[PDB]
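Asks: Spelled out, the chains give:
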Amino acid sequence: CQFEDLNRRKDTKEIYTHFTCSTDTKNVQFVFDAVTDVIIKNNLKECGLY
Amino acid sequence: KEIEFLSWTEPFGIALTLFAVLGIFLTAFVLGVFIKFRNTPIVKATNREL
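If you read the protein sequences in the order shown, they are chains A and R.
Each residue of the first sequence is one higher than the last, beginning at 305 in PDB author numbering.
Each residue of the second sequence is one higher than the last, beginning at 601 in PDB author numbering.
Chain A on its own, in the form it takes in the complex:
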């Protein structure tokens, strides 16, 4: 919370937070999903639908 509240621009950007570790490959999965979300929302803003 202390990290995310430092985002003064709460309208045109988003913060996706993880806790990593687990000695696994879920980190690349999280990055992939977050990038897909970013791409989709960028297209939505470009269309004006968001």
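Certain hints may be false.
What the hints assert, rightly or not - Okay, derived cross-link-like pairs now, BS3-like style, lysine-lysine, Cα gap no bigger than 30 Å in a straight line:
#, chain 1, residue 1, chain 2, residue 2
1, A, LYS317, A, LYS330
2, A, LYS314, A, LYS330
3, A, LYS314, R, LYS636
4, R, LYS601, A, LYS345
5, R, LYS644, A, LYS314
6, A, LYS345, A, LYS330
7, R, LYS636, A, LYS345
8, A, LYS317, R, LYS601
9, R, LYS644, A, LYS317
10, A, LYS317, A, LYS349
11, A, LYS317, A, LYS345
12, A, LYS349, A, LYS330
13, A, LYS314, A, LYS345
14, R, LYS644, A, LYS349
15, A, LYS349, A, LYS314
16, R, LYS636, A, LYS349
No lab work stands behind these hints: they were computed from the structure.
Given the structure of chain A, go ahead and fit chain R onto it with the hints provided.
Replies: Relative to the frame of chain A, chain R by itself:
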């Protein structure tokens, strides 16, 4: 001979006229609501021009 047709003075034509006017009124109300809340995220979601 008597002439049969749906007249503006006959009660059934009156009912149809009032229902059409009510529909036009509600459509105008909806359009005004969208024009006011144009920047709303939900209104933005659906294509506002269409």
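Asks: Hints numbered earlier in the text: which of these fail when held up against the supplied structure?
Replies: As far as the earlier hints go, 4 and 8 are violated by this structure, in ascending order.
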